[PDB]
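Okay, so here's just one chain, in structure tokens, the form deposited in one PDB entry.
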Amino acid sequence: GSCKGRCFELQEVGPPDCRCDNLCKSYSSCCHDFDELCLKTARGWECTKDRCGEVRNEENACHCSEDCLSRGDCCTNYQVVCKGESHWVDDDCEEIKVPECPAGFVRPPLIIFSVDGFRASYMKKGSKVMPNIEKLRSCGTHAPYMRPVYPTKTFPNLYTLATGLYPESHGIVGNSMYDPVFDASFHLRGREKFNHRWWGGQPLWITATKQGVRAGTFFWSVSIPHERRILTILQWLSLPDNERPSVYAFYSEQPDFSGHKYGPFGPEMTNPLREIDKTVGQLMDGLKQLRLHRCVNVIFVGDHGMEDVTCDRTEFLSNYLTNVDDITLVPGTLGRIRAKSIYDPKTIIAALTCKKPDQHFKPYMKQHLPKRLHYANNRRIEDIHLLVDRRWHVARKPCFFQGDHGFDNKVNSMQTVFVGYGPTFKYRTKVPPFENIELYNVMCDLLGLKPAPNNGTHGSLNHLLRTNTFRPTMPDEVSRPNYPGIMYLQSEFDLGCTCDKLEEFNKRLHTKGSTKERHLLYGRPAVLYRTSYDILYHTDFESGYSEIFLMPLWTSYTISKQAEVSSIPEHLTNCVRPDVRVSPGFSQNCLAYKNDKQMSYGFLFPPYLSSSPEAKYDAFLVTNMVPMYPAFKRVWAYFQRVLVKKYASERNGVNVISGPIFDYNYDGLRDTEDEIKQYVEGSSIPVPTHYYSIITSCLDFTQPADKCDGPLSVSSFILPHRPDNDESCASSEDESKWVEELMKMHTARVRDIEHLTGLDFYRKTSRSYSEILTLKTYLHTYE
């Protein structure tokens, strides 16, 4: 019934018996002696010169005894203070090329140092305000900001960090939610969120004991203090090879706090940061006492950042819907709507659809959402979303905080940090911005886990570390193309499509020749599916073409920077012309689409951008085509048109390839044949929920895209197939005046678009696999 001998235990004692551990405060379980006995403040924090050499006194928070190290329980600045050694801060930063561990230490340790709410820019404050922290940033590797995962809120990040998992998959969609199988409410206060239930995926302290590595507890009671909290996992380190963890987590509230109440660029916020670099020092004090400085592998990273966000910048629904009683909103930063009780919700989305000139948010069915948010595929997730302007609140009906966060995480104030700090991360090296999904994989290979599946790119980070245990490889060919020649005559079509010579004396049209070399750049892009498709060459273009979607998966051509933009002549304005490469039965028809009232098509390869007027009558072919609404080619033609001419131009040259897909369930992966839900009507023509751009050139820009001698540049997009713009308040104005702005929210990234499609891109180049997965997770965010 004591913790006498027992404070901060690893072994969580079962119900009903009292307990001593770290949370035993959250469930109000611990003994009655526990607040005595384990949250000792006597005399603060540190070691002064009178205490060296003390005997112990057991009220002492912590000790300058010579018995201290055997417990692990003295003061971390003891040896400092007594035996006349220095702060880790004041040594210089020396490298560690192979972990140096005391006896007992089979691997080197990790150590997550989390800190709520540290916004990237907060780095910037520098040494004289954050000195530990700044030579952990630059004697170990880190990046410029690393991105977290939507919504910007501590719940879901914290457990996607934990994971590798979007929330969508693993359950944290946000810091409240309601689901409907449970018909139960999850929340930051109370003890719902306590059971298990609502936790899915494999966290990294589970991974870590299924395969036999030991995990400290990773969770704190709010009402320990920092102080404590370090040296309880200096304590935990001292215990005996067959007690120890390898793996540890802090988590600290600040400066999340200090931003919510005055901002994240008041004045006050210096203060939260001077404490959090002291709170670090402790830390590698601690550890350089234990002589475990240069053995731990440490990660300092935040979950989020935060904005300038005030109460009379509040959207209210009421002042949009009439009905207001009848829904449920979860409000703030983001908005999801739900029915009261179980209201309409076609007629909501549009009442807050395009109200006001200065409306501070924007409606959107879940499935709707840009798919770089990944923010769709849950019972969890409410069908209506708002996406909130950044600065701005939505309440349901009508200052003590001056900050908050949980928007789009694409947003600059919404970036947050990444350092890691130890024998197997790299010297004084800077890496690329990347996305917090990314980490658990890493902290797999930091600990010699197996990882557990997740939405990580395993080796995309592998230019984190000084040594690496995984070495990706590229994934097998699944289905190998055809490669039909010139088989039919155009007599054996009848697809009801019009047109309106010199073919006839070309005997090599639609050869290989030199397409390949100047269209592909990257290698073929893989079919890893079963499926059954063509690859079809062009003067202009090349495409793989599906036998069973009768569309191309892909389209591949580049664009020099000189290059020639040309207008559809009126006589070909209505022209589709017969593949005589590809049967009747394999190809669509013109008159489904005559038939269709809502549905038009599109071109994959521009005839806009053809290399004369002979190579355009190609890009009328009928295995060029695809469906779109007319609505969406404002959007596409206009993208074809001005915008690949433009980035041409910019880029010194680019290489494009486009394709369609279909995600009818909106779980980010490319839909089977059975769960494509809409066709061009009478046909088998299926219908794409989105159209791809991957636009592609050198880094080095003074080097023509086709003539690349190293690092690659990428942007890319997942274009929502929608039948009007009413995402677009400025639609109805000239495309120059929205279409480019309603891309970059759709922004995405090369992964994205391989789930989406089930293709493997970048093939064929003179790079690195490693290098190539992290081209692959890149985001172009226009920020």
Second form
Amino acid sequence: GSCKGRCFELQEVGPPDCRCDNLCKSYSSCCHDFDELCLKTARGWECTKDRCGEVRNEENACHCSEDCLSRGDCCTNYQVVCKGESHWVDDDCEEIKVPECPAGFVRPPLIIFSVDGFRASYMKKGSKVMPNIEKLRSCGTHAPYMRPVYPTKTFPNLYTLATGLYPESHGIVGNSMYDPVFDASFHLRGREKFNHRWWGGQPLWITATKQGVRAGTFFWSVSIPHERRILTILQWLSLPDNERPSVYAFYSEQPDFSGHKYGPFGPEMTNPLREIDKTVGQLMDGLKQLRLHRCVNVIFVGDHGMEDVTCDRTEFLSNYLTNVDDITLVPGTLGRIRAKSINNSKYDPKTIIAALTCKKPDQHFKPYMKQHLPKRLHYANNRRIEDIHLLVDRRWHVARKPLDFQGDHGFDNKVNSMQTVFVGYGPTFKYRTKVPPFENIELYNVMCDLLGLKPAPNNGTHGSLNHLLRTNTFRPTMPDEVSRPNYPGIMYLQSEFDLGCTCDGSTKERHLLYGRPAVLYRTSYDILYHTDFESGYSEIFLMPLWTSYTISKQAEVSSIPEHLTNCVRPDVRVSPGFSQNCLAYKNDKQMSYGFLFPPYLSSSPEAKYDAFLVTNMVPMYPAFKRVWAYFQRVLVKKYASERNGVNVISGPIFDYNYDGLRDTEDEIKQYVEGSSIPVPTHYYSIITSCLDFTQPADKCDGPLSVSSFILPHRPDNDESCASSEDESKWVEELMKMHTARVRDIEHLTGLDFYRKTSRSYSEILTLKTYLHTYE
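Condition change, the form deposited in one PDB entry to the form deposited in another entry:
Lone chain follows.
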């Protein structure tokens, strides 16, 4: 019945007994005197001159009595006003070469300071508006921005930070969602979100606790003001060695709420940012008070940005569909479409897609079946992600009908207005260090490193942010190759082939600039040398897993001759048994074919003939061949010209169950008619060159520059609303939208790239996680 001496205790009591923890308010189970004892407001949160060395009054919110320092319960400015200290902000950067902690502290603590709706460009306002944050940023380790996860909403991004996982893995696929096995819905407001069943993965505080590291309470009831959360953390830090937590979290609802009201560029934003900064300076002055301002790792992190969005920029689905009362839409900065009543019978997804596709000239959203969303969003492998999805343009809303704020967010995570912040400050972080942008999915690993914890399996690439840290507890180890390649010679005669096909050296060292890709699964496959390209031919999938080649700045683009239009040549080094045949392509009226190494970039007429081998051949829809041919004939040259040559590794992907991971044979669901030639769901390419663009690709001393994509292999170009125009109007726009990381392709292909470089392996991991966005 009473909280005396138990205020903000670090545990759950029960089973009937009343609570006094930071969550009891959300659970309607605080003792009767929680409010009176544990949430004192009397006399504000700041000592004043005439309060110094005072009568200790126990009704005060924080104290200025001489004993206060003993008890960890002074106000954060006590020593500034009374004992003549300066604010932490008014001190110089001083490098923290080691953690200066008091005796007993077995590790540097971590405090995560999470700000909601914090746009990366808010940092331009600087010390004029935010002195404390501008100090953390400048003195510590900072990125120009940090990419959130899609959808760029709060709960998916906050729980991605906590777990290292994509929203499709951790289960919090939106702020609002429906689960068809639970037959229940999750919303920001409601009791359903308290069920543990909605939250998967392993958040940081569980990884801490399971490995005997004490986790400071990680959620805050909204009735608890910010100055109090900050005093409670400081008080938890003053506890004995055997009771003290080593990891803490603070969360601010700003500047998101203000961001919605007035937009991200409104002059009103200044007061919310000043407020957050003063909160930060209470934390830093409190830490300095406890002599932990050079002991503690502080992470200043945001969940997403904020965009200009007004209600006059809305699209209504009732201008496109007729029976809008037969569906439920999740509206706003994304769309998710489902039947209203599951007992509909004639509810057809196919019809809905058709009706929403390329209707208006100014159309500000695009429909997708979820498996056809760009793979970089990794937003499909969850039963809570509705099959029909709407990618909404920046600055726009989507609603169901017209009878259903100047700022919003939720759009595609590459959009510049959705980018958010990262600062790391403290001993373990580096000093006055800029680092390149990175994805919030990586941080879980860093936070485990900072706490000496073994991360749970996650979507970060462990080691990929070692360059943020003064001291790494983790050195990445390159994985072991599983299947060694065959190098089969000439083993069959040309008359031994009837596949129904008609027609009429320093190869390793100039076509695999960065070593041979390692195959990390059990399979049989052949390496095949040619003058112009090298490939890893799969005998199970009857096509290359990868195909690698290099083009100089000065190299020639030629056409395909007319007499070799339908030329496909049988490959003597591979048995007919493990070869594709040209008959199935005849029998298959929808499927045609393309080539991985382009015949358009043959070094000579003689060399060109290797491009028409059966072992360079891949199943391709005529629709897709328009995309692929324009890439090969024009863009591969274009990129070679601009980047002083380029290396290119192209290949197929199979992902029919849309889990972002390499399909096994069992999981392949489409073959070329009357055959066992499997149809790729996507085609990838990894295009590398020298970052120092003065040096050419095959002679690069310095760092490496990469771009990649994963083009979806579709029988139409309905995704591209300008597809009926000439390829130069739409293909490169299609490709850029499906830009990808090297890492995404490795998940999808079970291969490992960049094994033979002169660069450190942690630097390669950064290169593999890098995403070209075109902003």
